[PDB]
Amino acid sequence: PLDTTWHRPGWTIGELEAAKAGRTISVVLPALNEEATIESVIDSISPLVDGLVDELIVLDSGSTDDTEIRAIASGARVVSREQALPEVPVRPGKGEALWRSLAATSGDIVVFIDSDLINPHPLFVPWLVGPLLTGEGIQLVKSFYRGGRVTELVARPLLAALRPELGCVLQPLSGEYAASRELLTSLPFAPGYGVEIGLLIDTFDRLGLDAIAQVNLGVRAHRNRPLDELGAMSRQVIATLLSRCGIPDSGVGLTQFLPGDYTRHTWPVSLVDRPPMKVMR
């Protein structure tokens, strides 16, 4: 489209390493109870360490399963939310984890990869960093791939309504993306599952489409979740999206009625972003 899109990447690893030119690369895997998938994800990236990748961490976000110990056994440095930034009490949600991870990394470039991926290609990271290394003015790279109910029913239609320029983004909510530290530390971080959409919209509003690229990763598999759980995610995405569009959110959580006779449950929603990590230094 009007967006820089690689529908098939082809840089070799040696070219990319050469292109670093003193710049460093950190990789962060946020993880909450992903014991089943975490090892395969770590193993897919660790051969790059001390070479193309200078740093790899798992940001453990309060797991109560064997996530941390399995990650350690895969040679990964595991960092709790508390260790990333101990002077600041921990809030729940993904955005907190990603924001904190900036304080636990040092790379000029930062790559995020979700830890719930089922057997990810070992070229995910090179493909994401390609445009940052060989491009001009690129500061953010989003992935896409080949059922994404929230993406196609919520985020993309809302983008069409309120930021149609971002209509060309195939996977705005993708947990796999890369960006410059300079950008990331200059942006606020939305709470919960709002974090990705916020970064995308803020980036666009600030630098326009020319600073954004997207790359095809092929076909990704993962643990599809419960509708009930995607309600809360959609709610936070909506809250975050409306905010960027200058629209006031009620702050009222989604309520759900579960049949058993029905019982009612209300999920939390947050209207508070974390500020740019820059202000913390």
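Positions refer to the first chain, counted from 1. Residues that one form lacks are left out of the comparison. The term rigid core refers to the most C-alpha atoms you can superpose between the two forms while keeping them within 1.5 Å. First, how it differs from the form deposited with SN-glycerol-3-phosphate (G3P) bound.
Look at the core-aligned forms between the two forms and you find a single run of 3 or more residues with C-alpha shifts of 2 angstroms or more, at 1 to 8.
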The other form holds:
Number of protein chains: 2
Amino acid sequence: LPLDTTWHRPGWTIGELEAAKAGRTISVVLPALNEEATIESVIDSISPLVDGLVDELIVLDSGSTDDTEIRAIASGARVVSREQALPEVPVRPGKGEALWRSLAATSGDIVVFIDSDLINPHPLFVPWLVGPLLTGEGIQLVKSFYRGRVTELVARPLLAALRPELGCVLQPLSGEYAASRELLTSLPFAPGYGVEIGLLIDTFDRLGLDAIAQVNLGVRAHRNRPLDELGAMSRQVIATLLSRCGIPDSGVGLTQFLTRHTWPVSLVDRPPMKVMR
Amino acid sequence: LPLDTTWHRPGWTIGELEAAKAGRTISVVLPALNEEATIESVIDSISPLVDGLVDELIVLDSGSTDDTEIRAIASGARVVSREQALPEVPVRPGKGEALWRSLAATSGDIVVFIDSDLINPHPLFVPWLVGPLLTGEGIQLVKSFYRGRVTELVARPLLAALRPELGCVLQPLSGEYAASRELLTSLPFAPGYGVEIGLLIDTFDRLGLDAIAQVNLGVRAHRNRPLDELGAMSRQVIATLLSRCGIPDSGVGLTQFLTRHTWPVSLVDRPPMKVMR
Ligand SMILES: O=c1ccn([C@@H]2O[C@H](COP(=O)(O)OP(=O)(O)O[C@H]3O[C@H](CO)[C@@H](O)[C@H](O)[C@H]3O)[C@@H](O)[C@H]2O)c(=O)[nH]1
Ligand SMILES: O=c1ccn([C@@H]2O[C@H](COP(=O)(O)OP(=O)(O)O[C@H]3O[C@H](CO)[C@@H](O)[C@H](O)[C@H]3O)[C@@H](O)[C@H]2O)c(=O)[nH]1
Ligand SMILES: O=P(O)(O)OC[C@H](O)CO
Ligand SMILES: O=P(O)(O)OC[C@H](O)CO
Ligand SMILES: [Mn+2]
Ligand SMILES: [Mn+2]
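Switching conditions: you have the form deposited without SN-glycerol-3-phosphate (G3P), so give me the form deposited with SN-glycerol-3-phosphate (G3P) bound.
Every chain and every other molecule in the complex is listed next, the one we just looked at coming first.
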């Protein structure tokens, strides 16, 4: 593949990777909205790395109203609200907002994102993801893949239509990935569920494929959302993808008939966090 | 809805509808590719209308290699191959080809399409669909709806993005619909699975919503295809939708990793069947 792809279990040990840091730091961010059932398992999969390979782990709590925050705290995680991450700026809804704000609440040269709704995640996710950033050259972004309705019906076919160079990316919508701060604070952040696809297209347009790697995380399980919520997610993915391709989006939310309901869509990106410096 | 929508069971009787024909004829087309398990049930749901409300029923056999044709014949249906429908023109693959060719093998002023993979279809499908064409004014196209992964994730959200006026169409991808010959032979036909969405957008752009109605057919069951085949279907739907919206499509087929496989996509429409006159 024209895309650096690690097809089998990476061979790097935790101690090698740590040596390879060479003064660089690593932050881990778990965005979370109402994931009380899974958040503790995810934090626990990663907290053993802290003060070693990982210099920092935070939960970016994105407005949870369940026990996400208390359970995360009881697992020893630093929990940061959207408001605390960036208090001069009023909070908008959606995942992209949470991730963008997380840049202001972390200081790692490398930032790793892991969804907090994962079912029994491997403790090597973070080592496997930072590998190419640490030991490669010019890699600034690493995507995960795994053995994807929105992914297989919406994002990959749309990429084939409009950015076929990215056809080799197996899981463009993957919530597990790592990237340099220099890259992330230089890119705008799409709102809502548009954030991954925006980052991928923006990264590629700006640095080309050679700046991107992907690593196999094996098998993945997570919360299965209802079709209607996916419809809304897909709508936002489309809105962001069309925008990156110079195509005007109507700005009209998807409507569904159960009576009538209109879901929000946003055509507004957050600017590169750099301007907030 | 700005779209003429019949929300409950239509009240027209078969005898009223027949009276309303007023010299107009009605053709029914069942496109079929390897539907031996369901084809007989579908034909039988409709053949009682023949020589009455329905003047003509054909199965457009689209290259079947199972018992579709023999079973359809044994149910008393006229079976027409792609080659027989239009023998001067070599056959291309896909559904859109079959439907376009079916225009050459029928002569009804009204043409009704019904998928041949339906599980126990109602015998009133055809009466319910021709209703607005017979008793309305200016209606040239009638779509069905029902209580849709490609539909809900790809087509409706893309329509919301690019032709939001069509947001009120509940089942844009529905295989059950009827339209005037005058309309159908005036429109190009998208290849493969692009044919429905192309017809809807072309119809709207040319006649506006007032020329379109939709009728509730209740509940629908059909063959559930694997995700990868849907991926390919979605790719073609996207290709056709982008084209109708003036957006250049790469022409690159969707690739999937199981090793690598590329599915065909086509950017070539068939012209209005009128030019073949
Ligand atoms: O407003 C939100 C919505 C989600 N999340 C968190 O983000 C993660 C992913 O959200 P989820 O609802 O599980 O998304 P998915 O349906 O799995 O969507 C997939 O595809 C999306 C589009 O790229 C990605 O954003 C997701 O990370 C990816 O898992 C979860 O941990 C959530 O807790 C927030 O923090 N705030
Ligand atoms: O090359 C082909 C492919 C399909 N068919 C027939 O067309 C009908 C619909 O095909 P199907 O594979 O069942 O499509 P769906 O997955 O159900 O796709 C839905 O969405 C598509 C995109 O609009 C429509 O074309 C379909 O009619 C609609 O049911 C079936 O009776 C097939 O026998 C052909 O005749 N030739
Ligand atoms: O929830 P699924 O089964 O529709 O697939 C979700 C993938 O992990 C992300 O698109
Ligand atoms: O086969 P489904 O369940 O994915 O839905 C199919 C609809 O009838 C057409 O998009
Ligand atoms: Mn999830
Ligand atoms: Mn079907």
